[PDB]
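Below are the chains, spelled out letter by letter.
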Amino acid sequence: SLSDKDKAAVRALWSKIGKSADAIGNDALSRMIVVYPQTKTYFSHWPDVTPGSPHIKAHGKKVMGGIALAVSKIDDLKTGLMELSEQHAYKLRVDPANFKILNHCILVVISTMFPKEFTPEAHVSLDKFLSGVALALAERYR
Amino acid sequence: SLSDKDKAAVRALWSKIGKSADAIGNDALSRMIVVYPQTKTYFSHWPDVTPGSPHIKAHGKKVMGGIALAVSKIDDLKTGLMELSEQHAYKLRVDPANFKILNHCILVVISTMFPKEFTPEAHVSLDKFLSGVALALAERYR
Amino acid sequence: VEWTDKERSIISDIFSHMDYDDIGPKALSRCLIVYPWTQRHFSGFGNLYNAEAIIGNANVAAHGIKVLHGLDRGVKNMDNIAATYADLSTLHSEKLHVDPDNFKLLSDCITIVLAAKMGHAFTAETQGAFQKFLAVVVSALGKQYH
Amino acid sequence: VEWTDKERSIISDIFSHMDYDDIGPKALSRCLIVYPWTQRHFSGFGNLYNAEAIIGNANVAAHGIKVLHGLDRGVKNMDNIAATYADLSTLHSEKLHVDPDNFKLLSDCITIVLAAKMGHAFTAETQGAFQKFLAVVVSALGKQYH
Ligand code: HEM
Ligand code: HEM
Ligand code: HEM
Ligand code: HEM
Ligand SMILES: [K+]
Ligand SMILES: [K+]
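Protein chains in written order, with full-length UniProt numbering: chain A, 1 to 142; chain B, 1 to 142; chain C, 2 to 147; chain D, 2 to 147.
It should be emphasised that the hints constitute simulated quantities derived from the structure, not laboratory data.
Where a beta carbon is used, it is the ideal one built from N, C-alpha and C, also for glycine.
Worth double-checking, as some hints may not be accurate.
In silico DSS-like pairs for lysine-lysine, Cα to Cα no more than 27 Å straight-line [unchecked claim]:
| # | chain 1 | residue 1 | chain 2 | residue 2 |
| --- | --- | --- | --- | --- |
| 1 | A | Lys40 | D | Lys67 |
| 2 | C | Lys105 | A | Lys40 |
| 3 | A | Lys100 | D | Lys105 |
| 4 | D | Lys118 | C | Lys133 |
| 5 | B | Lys100 | D | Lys133 |
| 6 | A | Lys40 | D | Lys96 |
| 7 | D | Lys133 | A | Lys16 |
| 8 | D | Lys105 | D | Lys118 |
| 9 | D | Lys67 | C | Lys133 |
| 10 | A | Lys91 | C | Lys118 |
So the derived label-pair ranges between C-beta atoms look like this [what the hints assert, rightly or not]:
| # | chain 1 | residue 1 | chain 2 | residue 2 | range |
| --- | --- | --- | --- | --- | --- |
| 11 | D | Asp14 | C | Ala54 | 24 to 30 Å |
| 12 | B | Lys116 | A | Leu69 | 43 to 49 Å |
| 13 | C | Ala122 | B | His59 | 20 to 26 Å |
| 14 | B | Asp22 | D | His147 | 24 to 30 Å |
| 15 | A | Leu92 | D | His121 | 39 to 45 Å |
| 16 | A | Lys57 | C | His70 | 42 to 48 Å |
| 17 | A | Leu92 | B | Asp4 | 42 to 48 Å |
| 18 | B | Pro115 | D | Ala122 | 37 to 43 Å |
| 19 | D | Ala122 | C | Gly57 | 41 to 47 Å |
| 20 | C | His18 | B | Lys62 | 32 to 38 Å |
Turn these sequences into a full structure, and let the hints guide you.
Set out below in structure tokens:
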């Protein structure tokens with residue numbers, strides 16, 4: 001569970017880096033599909049699946065807007081992300097294993113772009129938060 | 001999270017198998033250290049670490065005693081297992097990955113001992129339950 | 002991997018007695034119910050809306066037996082498993098688009114269904130050898146994902 | 002493990018520019034903060050109840066430099082990494098009692114600290130190769146746990 005300390009740390013960090021959400025998604029999703037190519041199975045319906053492609057780019061925006069939502073719903077991620085959970089559970093059927101992979105990629109992208117803001121304390125709290133985002137997206141799966 | 005249907009399935013199953021908790025615990029820790037020998041690192045202070053030993057037998061009692069606690073506390077595992085969580089966090093420093101290993105071994109144990117009772121529907125709910133127990137035990141970690 | 006003679010023995014033993022028409026359906030049904038996102042691939046299998054539809058679904062049944070018999074080539078090739086499965090791997094990646102983490106999940110279900118069948122005979126050492134074999138098979142199935 | 006010439010060059014170039022004195026303490030520091038059960042093995046280094054307390058601990062800083070130097074032998078022995086790390090593996094398991102999952106966790110922390118130091122030079126392909134290397138060393142470190 002997230003403490004007040006965690007919540008504060010995530011909101012301060014997002015306050016600082018949110019402006020870069022779209023760039024962060026493109027980067028993180030590009031990293032995911034390059035470094036963990038098995039994740040490409042979920043994008044078999046796109047024309048192609050390549051780093052920084054139009055489709056990866058636009059999705060990267062949408063995924064990080066989902067993270068934006070989660071920061072705003074941080075006091076109740078289960079309720080806050082229920083529609084996204086329904087989509088991921090019933091339409092996409094993304095194995096929750098993959099959320100851990102993207103989460104790692106997000107942390108690496110933020111380290112590369114925000115070295116000074118992404119402190120070990122920022123990192124423990126964001127890692128806790130993303131694990132909670134992953135669990136909330138998994139809420140409607142079984 | 002656990003639904004009322006999940007909670008009822010875990011309670012009905014534990015009602016059926018709980019009188020063999022001690023045996024369950026022996027068997028599961030025995031499987032854990034044989035099949036996943038890296039877990040033996042946490043028991044380096046014991047005289048030895050071998051299946052069915054008196055130490056494994058007593059530890060199994062204690063562990064499944066914890067599962068019985070979690071069943072009684074199923075409506076709020078976070079609160080219910082906080083004291084146990086602080087023990088694993090500060091005193092024992094057990095990496096949360098190992099809870100996943102021992103949960104699998106418990107499911108294998110129960111399947112062997114109660115194949116009629118351990119239906120797929122029982123399994124999905126108990127798995128959700130054990131993942132919740134694992135998460136609750138990590139509550140005081142970081 | 003480097004097998005011990007006892008491990009070879011245990012695996013050969015399990016597979017000699019494997020009731021595939023029984024274990025196969027049970028394991029895939031259980032997987033579909035415990036890990037319902039694995040149903041992604043079986044929309045043409047008909048009704049899966051609940052546990053009962055799945056357990057009663059003859060298409061899942063036949064596919065379970067098939068997957069289980071897919072392990073046979075590894076038993077017959079214990080020192081060549083990664084190459085023996087290269088084409089199956091490529092199949093699951095390029096044409097079926099199956100998420101390879103799903104393999105792990107199915108594996109665990111198989112292990113738990115076999116544990117139900119063998120009971121007391123599914124000793125810790127038997128489980129060790131069996132999961133080791135399944136882990137080596139699963140690695141090989143996920144190998145050709147590019 | 003089959004390495005590509007591009008993977009060899011990437012890994013080679015990373016360890017020739019890396020400042021062990023900067024990265025080692027930060028990566029070990031970050032791990033004991035993000036994954037505090039790794040503190041299991043650093044009893045008498047003084048008080049580690051605090052991130053400031055951890056990041057200023059001299060004993061942690063010196064161990065993070067040691068671990069990072071432990072990577073050198075794998076760079077030197079890229080096609081024989083399991084064997085190179087066997088006695089180190091045996092030490093971690095039988096003498097130190099280090100849970101090997103901790104190896105993966107420190108690995109990720111090293112990756113993240115390197116990423117903050119390299120910036121946009123830590124490309125997707127660079128991360129791939131670097132994580133590939135750490136993964137093979139980590140598997141090695143875990144091999145002799147019996
Ligand atoms: C941090 C975790 C992630 C969040 C917050 C997230 C966010 C979202 C959201 C907001 C959308 C809906 C887009 C729209 O408006 O149409 C989306 C769609 C989807 N996401 Fe996720 N996602 C997560 C992780 C994943 C993972 C890791 C993958 C694949 C491995 C995945 C695969 C998909 C796919 C395939 C769709 C549909 C996109 C399309 O049809 O083009 N998501 N997700
Ligand atoms: C299903 C999850 C688990 C339950 C509910 C649980 C429960 C327990 C209980 C009730 C105690 C006794 C605390 C006391 O001293 O009063 C205990 C201690 C301990 N547990 Fe856990 N535990 C679980 C998983 C494990 C795992 C996965 C490991 C490591 C692989 C671990 C390692 C230990 C150790 C080393 C001790 C002390 C035993 C001794 O010193 O002899 N726990 N646990
Ligand atoms: C131990 C793990 C598994 C093994 C050894 C295995 C093996 C098999 C084999 C032998 C076939 C037949 C190839 C063909 O007819 O072209 C196949 C088909 C297939 N497998 Fe797997 N499989 C594994 C797990 C998975 C999982 C977990 C899923 C998805 C949840 C799955 C989805 C399917 C599908 C969709 C096909 C094609 C079905 C059809 O169109 O008839 N497989 N697999
Ligand atoms: C990337 C993985 C790591 C590598 C390459 C590495 C390698 C090594 C090496 C080269 C030594 C010196 C052994 C000797 O004196 O002969 C050492 C010792 C040790 N390492 Fe590891 N290490 C790794 C991860 C860790 C982790 C994750 C832990 C703790 C959480 C750990 C705990 C220790 C301890 C307690 C010692 C004993 C130091 C001494 O007293 O000399 N190591 N490490
Ligand atoms: K709030
Ligand atoms: K109640």
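A quick look at each hint next to the structure:
For the suggested pair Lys40 (chain A) and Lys67 (chain D), the alpha carbons sit about 38 Å apart, so the restraint of at most 27 Å is broken. Restraint check for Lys105 (chain C) and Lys40 (chain A): satisfied, since their Cα atoms lie roughly 18 Å apart, inside the 27 Å limit. As the CA atoms of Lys100 (chain A) and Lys105 (chain D) are separated by approximately 14 Å, the hinted pair is consistent with the 27 Å bound. With a CA separation close to 39 Å, the supplied pair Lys118 (chain D) and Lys133 (chain C) exceeds the 27 Å bound.
For the suggested pair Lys100 (chain B) and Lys133 (chain D), the alpha carbons sit about 24 Å apart, so the restraint of at most 27 Å is met. A hinted pair counts as satisfied when its Cα atoms are at most 27 Å apart, and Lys40 (chain A) with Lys96 (chain D) does not qualify at roughly 42 Å. For the suggested pair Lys133 (chain D) and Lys16 (chain A), the alpha carbons sit about 32 Å apart, so the restraint of at most 27 Å is broken. For the given pair, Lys105 (chain D) sits about 20 Å from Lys118 (chain D) by alpha-carbon distance, which is consistent with the 27 Å threshold.
For the hint pairing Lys67 (chain D) with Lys133 (chain C), the CA-to-CA distance comes to about 33 Å; that exceeds 27 Å, so the pair is violated. Proximity of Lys91 (chain A) to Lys118 (chain C) is assessed by CA-CA distance (about 35 Å); at most 27 Å being required, the pair is judged violated. In this structure the supplied range 24 to 30 Å is violated for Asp14 (chain D) paired with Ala54 (chain C), their Cβ-Cβ distance being about 56 Å. Range check, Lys116 (chain B) to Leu69 (chain A): Cβ separation about 45 Å, and the 43 to 49 Å hint holds.
As the Cβ distance of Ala122 (chain C) to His59 (chain B) is approximately 25 Å, the hint placing it in 20 to 26 Å holds. Distance hint for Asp22 (chain B) and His147 (chain D): a CB-CB separation of about 28 Å, consistent with the stated range 24 to 30 Å. Take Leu92 (chain A) and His121 (chain D): their Cβ atoms lie about 30 Å apart, and the range 39 to 45 Å is violated. One distance hint, 42 to 48 Å for the beta-carbon pair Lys57 (chain A) and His70 (chain C), holds here, with the actual separation near 44 Å.
Checked against the given bound of 42 to 48 Å, the beta carbons of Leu92 (chain A) and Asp4 (chain B), roughly 27 Å apart, lie outside it. Between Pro115 (chain B) and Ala122 (chain D) the Cβ separation comes to about 56 Å, which falls outside the hinted range of 37 to 43 Å. Distance hint for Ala122 (chain D) and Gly57 (chain C): a CB-CB separation of about 57 Å, inconsistent with the stated range 41 to 47 Å. Distance hint check for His18 (chain C) and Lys62 (chain B): the Cβ-Cβ separation is about 36 Å, which falls inside the suggested range of 32 to 38 Å.
In terms of the numbered hints stated before, the structure departs from hints 1, 4, 6, 7, 9, 10, 11, 15, 17, 18 and 19, listed from lowest to highest.
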